[PDB]
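Enquirer: Letter by letter, the chains look like this.
Number of protein chains: 4
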Amino acid sequence: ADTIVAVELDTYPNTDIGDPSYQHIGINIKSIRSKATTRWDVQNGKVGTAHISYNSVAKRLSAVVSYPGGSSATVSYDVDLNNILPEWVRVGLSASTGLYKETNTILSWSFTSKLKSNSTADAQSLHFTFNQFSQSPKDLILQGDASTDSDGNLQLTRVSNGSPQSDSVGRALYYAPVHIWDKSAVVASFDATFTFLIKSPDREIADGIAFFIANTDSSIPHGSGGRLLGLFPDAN
Amino acid sequence: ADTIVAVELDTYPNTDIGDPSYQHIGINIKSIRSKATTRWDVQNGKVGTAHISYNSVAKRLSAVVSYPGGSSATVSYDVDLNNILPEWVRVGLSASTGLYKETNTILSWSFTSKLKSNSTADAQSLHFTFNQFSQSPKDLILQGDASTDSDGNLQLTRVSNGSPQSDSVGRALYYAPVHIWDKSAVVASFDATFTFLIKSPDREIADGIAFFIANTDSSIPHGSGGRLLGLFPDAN
Amino acid sequence: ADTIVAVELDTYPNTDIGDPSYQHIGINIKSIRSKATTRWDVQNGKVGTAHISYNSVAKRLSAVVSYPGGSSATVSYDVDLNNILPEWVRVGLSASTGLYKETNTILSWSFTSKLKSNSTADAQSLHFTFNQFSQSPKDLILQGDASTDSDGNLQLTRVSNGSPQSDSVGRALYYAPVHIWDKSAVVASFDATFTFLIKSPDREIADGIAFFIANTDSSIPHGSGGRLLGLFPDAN
Amino acid sequence: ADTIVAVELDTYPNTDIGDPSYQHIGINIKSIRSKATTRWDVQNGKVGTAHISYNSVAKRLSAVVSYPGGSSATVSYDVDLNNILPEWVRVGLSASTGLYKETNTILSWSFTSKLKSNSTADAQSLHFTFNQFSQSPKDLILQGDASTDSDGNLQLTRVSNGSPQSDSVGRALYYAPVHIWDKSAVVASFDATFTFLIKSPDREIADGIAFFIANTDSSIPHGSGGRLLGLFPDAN
Ligand SMILES: CO[C@H]1O[C@H](CO)[C@@H](O)[C@H](O)[C@@H]1O
Ligand SMILES: CO[C@H]1O[C@H](CO)[C@@H](O)[C@H](O)[C@@H]1O
Ligand SMILES: CO[C@H]1O[C@H](CO)[C@@H](O)[C@H](O)[C@@H]1O
Ligand SMILES: CO[C@H]1O[C@H](CO)[C@@H](O)[C@H](O)[C@@H]1O
Ligand SMILES: [Ca+2]
Ligand SMILES: [Ca+2]
Ligand SMILES: [Ca+2]
Ligand SMILES: [Ca+2]
Ligand SMILES: [Mn+2]
Ligand SMILES: [Mn+2]
Ligand SMILES: [Mn+2]
Ligand SMILES: [Mn+2]
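As you go down the protein sequences, you meet chains A, B, C and D in turn. Just so we're aligned, residue 1 is where the first sequence starts under our numbering, counting upward by one. Just so we're aligned, residue 1 is where the second sequence starts under our numbering, counting upward by one. Just so we're aligned, residue 1 is where the third sequence starts under our numbering, counting upward by one. Just so we're aligned, residue 1 is where the fourth sequence starts under our numbering, counting upward by one.
You may find that some hints are simply not true.
Note: identical chains are not told apart, hence a pair may lie in one copy or across any two.
Said to hold, decoys possible - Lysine-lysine pairs mimicking PhoX-like chemistry, simulated, CA-CA at most 20 angstroms apart:
1. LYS59 <-> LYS35
2. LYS138 <-> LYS114
3. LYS30 <-> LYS199
4. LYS59 <-> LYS199
5. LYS114 <-> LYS183
6. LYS35 <-> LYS114
7. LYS138 <-> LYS183
8. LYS46 <-> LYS199
9. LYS138 <-> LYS46
10. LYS59 <-> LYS183
11. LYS46 <-> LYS114
12. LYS35 <-> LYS138
13. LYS59 <-> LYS30
14. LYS59 <-> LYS46
15. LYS59 <-> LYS138
16. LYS199 <-> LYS138
17. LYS183 <-> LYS35
18. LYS35 <-> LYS46
It should be emphasised that the hints constitute simulated quantities derived from the structure, not laboratory data.
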């Protein structure tokens with residue numbers, strides 16, 4: 001199957017697959033059953049920001065999600081990613097809805113990865129930023145229901161005339177493979193930021209957004225809708 | 001055919017296609033017959049650096065090539081690239097040899113492109129750096145004879161046991177399409193740097209190296225070896 | 001006196017010192033009497049963006065100022081800055097009001113300077129970004145009436161209870177001297193962006209905002225209020 | 001006194017102040033008696049690289065020091081720096097010799113600091129790189145014996161006709177204060193890299209190099225030579 005590392009912004013508690021009984025941010029290593037979670041209160045209709053970082057010396061994957069006005073939730077997990085991920089990966093954003101629904105709108109996304117050696121100059125590095133998305137982006141792979149709208153936003157799941165739809169799944173991956181580690185590298189690091197808008201006319205919302213790193217040929221698994229966030233074929 | 005903008009480092013004068021009678025750097029817009037050239041004295045066996053820049057407000061494409069110890073050659077040409085290039089391009093390095101030959105070795109390559117709007121934050125941007133090349137690079141498209149060697153260098157044309165070979169052509173393109181202009185952008189700019197080593201056991205060398213920007217599906221044209229630098233099918 | 005290179009956003013025509021009879025953007029080299037201008041229509045109360053760039057190979061200083069919704073004005077001037085500016089400079093923003101007045105509010109400011117040599121790695125470089133300004137910024141030199149407000153904006157000229165005041169002048173300089181050229185550099189370049197809000201309850205407004213580069217010990221000249229934008233002691 | 005956080009490259013074991021009995025890298029929080037150390041074998045006469053990173057979500061300060069050819073040593077320490085350091089700091093490099101001596105030569109130094117908020121755009125950020133040092137650097141504060149030489153290197157301690165001298169101490173601080181945290185910031189991070197050459201004609205060498213972060217008005221304490229690395233007035 002795919003090899004997935006993800007940070008989920010999980011807006012609906014599914015306690016049979018080990019979610020806590022509240023909305024949460026989580027770090028997922030090869031499974032939907034998060035290795036670490038923290039309570040996170042979703043603000044329906046407000047723009048939030050997530051920042052994710054990792055460095056191979058520290059071996060600590062951390063994420064923080066915040067809204068304007070002081071509310072922030074952080075989660076970290078110690079793991080050596082060189083022994084989880086393959087050498088070449090693609091990075092992406094995924095989201096889903098199920099019975100309950102929400103917009104999963106991405107307003108901006110930046111990512112940096114560096115492979116360092118014996119110099120201030122990196123052996124290899126990549127940095128991209130999108131603060132607006134093109135109508136027909138040649139540098140993104142859009143999967144499932146993902147599309148860009150006339151406002152320049154990335155809509156990971158279906159929205160019709162301003163209302164989000166049930167049972168939708170979509171992902172966007174950056175087109176270039178990322179060289180996330182190398183046997184000569186002394187340090188490898190990456191940092192990602194994205195801003196998002198989760199909104200729904202309903203009080204009950206689902207299912208969430210995830211930032212993920214996968215094998216380069218990753219596609220949406222069959223049966224990964226709803227609680228599996230378009231990332232996993234099952235809940236093991 | 002392809003749409004090509006290139007900066008050539010031309011090591012062999014072919015005066016029937018309009019080269020000056022000396023080695024030179026040139027700016028090529030859709031033709032091998034450079035729109036602007038400057039004399040450039042190749043230092044066989046030394047590492048040189050090229051820096052190339054363009055900004056859509058200034059509308060001036062400039063290049064400088066230098067060797068350690070003070071020797072530098074610059075060339076510029078005023079042109080509106082929005083009316084030459086398509087919206088999406090790939091960027092790359094090309095080189096060739098013919099009857100005369102040289103190594104066309106690339107030691108490092110960096111590129112930045114930005115599309116700016118009404119903020120310090122770019123609408124879109126891309127930056128990559130390679131100070132070493134991987135043995136099997138998933139983020140480069142290698143065409144023709146191009147390969148990476150065990151030292152981590154990019155060899156655009158064939159070298160066997162340390163000697164360069166005649167009648168070789170090769171190119172390397174960065175894998176991701178680059179969004180080089182957009183109808184909403186207020187400014188688009190790009191900057192590229194690469195370092196190279198042209199060496200040959202012979203006093204007479206050929207044919208040169210070019211940095212180029214092309215339509216995304218660009219491939220080596222038939223008959224583009226030698227003086228056409230792997231860029232053009234003919235000398236019109 | 002000081003040595004000043006500036007890009008002015010001039011909101012009030014003073015035709016006795018050679019302004020055109022309309023609002024304009026201008027490039028100023030050691031004098032208020034701009035070497036190049038372009039018509040610019042100020043949108044009272046809207047946030048605008050300016051982008052300024054220079055590269056020592058191209059020898060073209062360019063600026064563009066734009067507002068959301070497609071309105072943009074550009075100006076360029078060819079000049080070798082190595083023969084105008086000293087080796088070490090400070091960079092800054094200046095503004096003034098006179099009989100007529102406006103807010104001269106800076107919302108964000110970014111600057112990059114690079115001195116390049118024979119590598120992808122710069123010999124020296126500096127990049128700073130402010131998207132918010134601190135209440136007591138230790139990394140800015142504030143001169144005259146300049147202050148930061150409780151919203152995190154930089155107010156270059158006096159505002160009292162939301163109204164701008166007449167006969168005010170203020171500047172902000174970045175604290176570190178910038179090494180803008182070096183006798184070993186093959187290329188020197190800089191790029192600056194800032195966003196601003198010029199607003200006034202009056203239909204008639206003055207005097208403008210300038211981005212400037214000066215000798216490191218530059219201070220506001222006596223008598224530089226109003227039309228001289230806090231940059232020059234006289235109109236020669 | 002000063003408030004110092006430092007990463008030491010300690011080339012001489014002083015076991016009365018708690019050094020291990022071997023050369024080591026260490027993380028120092030307000031004291032020379034390192035909170036964490038790792039064995040590090042100095043290669044006399046070879047160029048090494050150090051990389052240091054911290055992020056306020058992860059709260060893990062990490063350092064790695066490496067030489068070409070695969071030899072690397074890493075150390076990390078978990079600490080909340082917001083509760084150690086003041087809001088504004090200067091960053092710097094320090095070194096010393098005592099009875100035993102070595103060159104403490106810095107060949108390059110890069111530093112980045114970011115204060116992040118609710119956007120891909122940083123609230124504030126600073127990045128500088130030096131791959132060569134100017135003869136009279138206006139953007140560094142040189143303290144004690146520190147000087148730049150005709151090769152463009154930074155010599156933190158005295159060298160005469162290619163030989164290092166005993167009982168020398170010197171530091172270099174970047175001129176601009178760095179805004180290392182802010183009460184509105186969601187994340188603060190910094191990353192530093194430098195390359196160095198420790199060489200001596202003697203088999204026994206001392207005392208080491210440190211990267212440090214201090215209160216902005218930090219000066220070399222009296223009696224901080226030798227084992228105290230120019231950082232502390234005593235060994236408490
Ligand atoms: C009732 O279950 C359905 O709806 C929820 C909420 O959307 C999803 O988590 C789940 O996978 C199913 O699709
Ligand atoms: C003699 O002509 C051949 O060799 C030169 C030098 O290599 C090339 O420029 C040319 O295209 C031919 O291949
Ligand atoms: C009437 O002249 C005054 O007001 C204008 C507009 O503010 C300024 O340009 C000028 O320098 C004087 O201060
Ligand atoms: C013998 O002690 C002296 O020399 C060593 C080695 O240089 C230093 O660590 C110490 O502080 C003293 O200066
Ligand atoms: Ca869930
Ligand atoms: Ca030729
Ligand atoms: Ca005027
Ligand atoms: Ca010691
Ligand atoms: Mn969950
Ligand atoms: Mn030619
Ligand atoms: Mn004017
Ligand atoms: Mn020690």
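Enquirer: Now look at each hint and say whether the structure bears it out.
Expert: Verification of the supplied hints:
1. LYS59 <-> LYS35: Both: 15 angstroms inside a copy, 19 angstroms across copies.
2. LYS138 <-> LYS114: between (23 angstroms within a copy, 16 angstroms between copies)
3. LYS30 <-> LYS199: Intra 28 angstroms, inter 47 angstroms, cutoff 20 angstroms: neither.
4. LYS59 <-> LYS199: neither (34 angstroms within a copy, 32 angstroms between copies)
5. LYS114 <-> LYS183: within (14 angstroms within a copy, 29 angstroms between copies)
6. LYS35 <-> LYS114: neither (25 angstroms within a copy, 28 angstroms between copies)
7. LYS138 <-> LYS183: between (31 angstroms within a copy, 16 angstroms between copies)
8. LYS46 <-> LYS199: Within one copy only: 7 angstroms inside, 28 angstroms across.
9. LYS138 <-> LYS46: neither (29 angstroms within a copy, 33 angstroms between copies)
10. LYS59 <-> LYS183: Within. Shortest intra-copy distance 16 angstroms satisfies the 20 angstroms Cα cut-off; inter-copy 27 angstroms does not.
11. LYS46 <-> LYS114: Neither: 32 angstroms inside a chain and 24 angstroms across chains, both beyond 20 angstroms.
12. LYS35 <-> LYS138: neither (35 angstroms within a copy, 31 angstroms between copies)
13. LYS59 <-> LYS30: within (17 angstroms within a copy, 25 angstroms between copies)
14. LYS59 <-> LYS46: Cα proximity of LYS59 and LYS46: none, with 32 angstroms in one copy and 28 angstroms across.
15. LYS59 <-> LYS138: Result: close neither inside a copy nor across copies, 34 angstroms intra and 25 angstroms inter.
16. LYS199 <-> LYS138: neither (28 angstroms within a copy, 38 angstroms between copies)
17. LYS183 <-> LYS35: neither (27 angstroms within a copy, 30 angstroms between copies)
18. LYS35 <-> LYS46: neither (28 angstroms within a copy, 43 angstroms between copies)
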